[PDB]
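First, one chain by itself: the form deposited without the named molecule, in structure tokens.
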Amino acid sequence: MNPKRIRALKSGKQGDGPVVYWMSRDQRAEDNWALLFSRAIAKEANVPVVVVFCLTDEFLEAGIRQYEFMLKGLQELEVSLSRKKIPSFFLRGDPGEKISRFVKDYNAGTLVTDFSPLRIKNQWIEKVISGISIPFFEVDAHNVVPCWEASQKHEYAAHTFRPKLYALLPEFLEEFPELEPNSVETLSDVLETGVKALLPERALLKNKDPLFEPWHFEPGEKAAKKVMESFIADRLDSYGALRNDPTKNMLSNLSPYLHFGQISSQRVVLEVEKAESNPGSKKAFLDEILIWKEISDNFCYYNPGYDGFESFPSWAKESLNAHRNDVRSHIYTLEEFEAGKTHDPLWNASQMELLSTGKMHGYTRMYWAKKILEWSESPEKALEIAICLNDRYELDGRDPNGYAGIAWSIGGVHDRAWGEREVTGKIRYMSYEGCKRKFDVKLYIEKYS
């Protein structure tokens, strides 16, 4: 148990009651350092470990697709924690008021949470800390190398992050010890009432018939294991050569599970490393799941304004500002962008895939966010438009990967300066003709009418 994984947010009188794990990011029972450390703290005090998960007033900003995925996995997680003699409690309200009241009504001895770098979690922590006196710990249960330990500053490129992370990989890439067992209404009720509130906001194709297709990704820890095994056995060999072809789904499709913490990324990394495949495909996949995923936490953790023009690199701010007054080829409102009402059939196909499946191909994720920059009055409104559609419609959205990916596409964050254009300046450019050379755009457009 590496102590560099756990940080202290409040040092108080170490309480005399159950250690409470505040699940936020990692919604799984296996391979969870926050769950394995809380048990270790529990055993050192002879008190049973418990889990509390808060259902917040911020789900109504997303849709049914995200609400169902999370709650269905929780129903499976609740059963799993029961079989390990850990009781799971679910509260519906403000985490600051709900958690503070809970630790008092149950005589919590120690409080543990998993690590999110997002602004909304720092908001919740501010409230809880001001109303509790027991010690408050957090564990990075989502990154292979803990976010604060990998780097002490914000990195400007991946070629600088890849040595700093791989030099610490032997310290932190290791097997999970098992979760030894211990010595506010039903979830189905909450799913029922939540669906009703969100229902008249459901995305609808034309009229009546809804747009989302929930049969693409089953939620839960067990489904994620089947996904990862199917990727390694069937899709890992050709990852490095086919990841950039949207006509073929040769990606791991792990992001909906990764975002909700329904499978630990290190569990993925251990099995990839031990498996024989195309060595280049292994090299390409490991870079995405270790370098680019864990640098996204670094961007969000070390930039308080990660979702604004303020966090862009200086060369990109200077270039974009010099082109704010250029004429734009087209301008679309958010409502037009949502429905896929653009003059680009490649963009409209990309939007239609997101609406239908809640997951959009990683390659077109760059084209789709750069045309938003090309068709917006200012880069600021483009950042808002890109954030709005991503968080609303992506299964894996509302994630540090999303903001880092969007900041990469719009402001060149973790990228370099390129040849100047109008409107977009030095930012990397992706043309309609360029995508035709790399993959058969005809099938992708037809597949999503």
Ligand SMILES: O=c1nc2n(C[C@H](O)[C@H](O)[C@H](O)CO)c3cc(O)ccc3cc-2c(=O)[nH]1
Given for the second form:
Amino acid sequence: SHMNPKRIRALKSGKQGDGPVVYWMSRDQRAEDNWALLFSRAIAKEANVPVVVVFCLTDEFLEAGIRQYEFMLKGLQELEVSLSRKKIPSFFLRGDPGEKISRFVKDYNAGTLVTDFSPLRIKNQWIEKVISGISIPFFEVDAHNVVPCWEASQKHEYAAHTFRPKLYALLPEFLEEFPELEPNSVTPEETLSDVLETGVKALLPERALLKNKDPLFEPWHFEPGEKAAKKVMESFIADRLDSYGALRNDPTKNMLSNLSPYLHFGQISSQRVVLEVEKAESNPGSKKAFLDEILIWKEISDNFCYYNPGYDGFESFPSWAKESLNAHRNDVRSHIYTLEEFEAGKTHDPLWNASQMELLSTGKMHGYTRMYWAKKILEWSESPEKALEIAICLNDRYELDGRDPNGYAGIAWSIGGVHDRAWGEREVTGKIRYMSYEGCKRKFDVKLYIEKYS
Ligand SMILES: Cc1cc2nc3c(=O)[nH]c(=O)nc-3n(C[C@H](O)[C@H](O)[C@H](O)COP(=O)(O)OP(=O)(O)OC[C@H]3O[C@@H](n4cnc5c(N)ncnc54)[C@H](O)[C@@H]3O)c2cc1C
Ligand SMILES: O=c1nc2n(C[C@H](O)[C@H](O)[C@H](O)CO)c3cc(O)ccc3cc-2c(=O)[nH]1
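I have the form deposited without the named molecule already, so could you send the form solved in complex with the named molecule?
So here's everything in the complex, that chain up top.
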């Protein structure tokens, strides 16, 4: 087995039991290229026990909507089949992790517990509870980042150009092929259709609809699951990669990878993706541009959430920005929109409303327009605290890749200059990098973007 010990972290001591090794899957919903699954199999081998997979359908998802819930569970049904063809049983527990994972460990005489890693507050909520209801050893493995989150840095990194040296210096040690997942020796000692049916009915009153009372979301932009995530990656390498560096900041092109929803649910590994992109021969500049995103910005987001408890609040902005935004707290805002208005794209700005339409109808706003979109919320909000609330809310309710450290870090960047520099000082937004509507007229084909979305 080729398993780096620095990818793993003890969450609780225990006395090991004598039953299956239980992998509690959460962030990384895949069978292939999954260090958490791979380490859980290795421990089960070393203990002559089978490895099983447990997943919690939590009392939440009523906070998001059908788009995300469907994307995830369609992926998971494919995952049962996948893990079956490995003789690895998957149990799907309804309810919150505290109660259900504790009970599952007791009832199935688990030996050791392993989970994947996520810096989000809620996961730690779950962890705190699970830790009370078990007396067996507990491990988490960083299956999401290429360089483990507690390895990459010992602290918060204020700019990309400080985290980047540290991260690149560790790629030799941490970027490499996955061993194949070795199946179970034997097959060991209600369904997602019913559960998908039950939840959808519970969520259908909150579904987003255009006045016409017809549904607003379009499923077909992203086929969910592990097999489809490979295909999308392959389409990217083959077709969009060469142009990426040139056209990534242009909302009128389909030249992005479109991997974020897949990467969010962990239906595809970012280590895998990075390995394929490294292999490929493409226009100079492109490969550097894309790796800068999927290694530096993706992994600094986990860094941000992990070293900042208040990663979703003003207090985590850098000094200069807080000082700056405080000084402009009482400036009169040129507009103030209610939440409903932002949500239904009813602002005096045709480009903002279009970006909000792309979101509502596809569940994926273009990266470039996300920055415009979020900065305008700062500008048209009672306060910077309210701006974060509104952005976090809209991002999490409607993005397929939402509810993600990339989100909080991305919104903090936009609204408080996290991982950014001081810029020209203005009214209302202070020194926070400004993104004028006109700057977009210079930079890309605005009117065409607006036509695409109405
Ligand atoms: C206001 C705002 C909100 C955001 N919310 C989210 C979110 O909820 N979930 C999310 O995954 N990303 C978020 N981002 C970052 C980024 O916009 C998206 O990850 C990207 O557009 C996803 O599309 P893609 O896969 O085609 O990107 P590509 O250009 O094809 O990049 C490939 C991968 O690199 C990573 N990546 C690219 N850009 C960034 C970035 N700026 N920050 C962190 N990682 C990046 C993503 O994981 C992405 O899947 C947000 C950015 C902003 C400004
Ligand atoms: O373990 C779970 N992870 C879920 N996740 C994954 C989430 O990324 C992780 O729970 C955290 O990263 C902590 O592991 C969701 C993500 C979404 O975007 C939307 C809904 C869910 C729902 C669940 C869930 O019910 N259980």
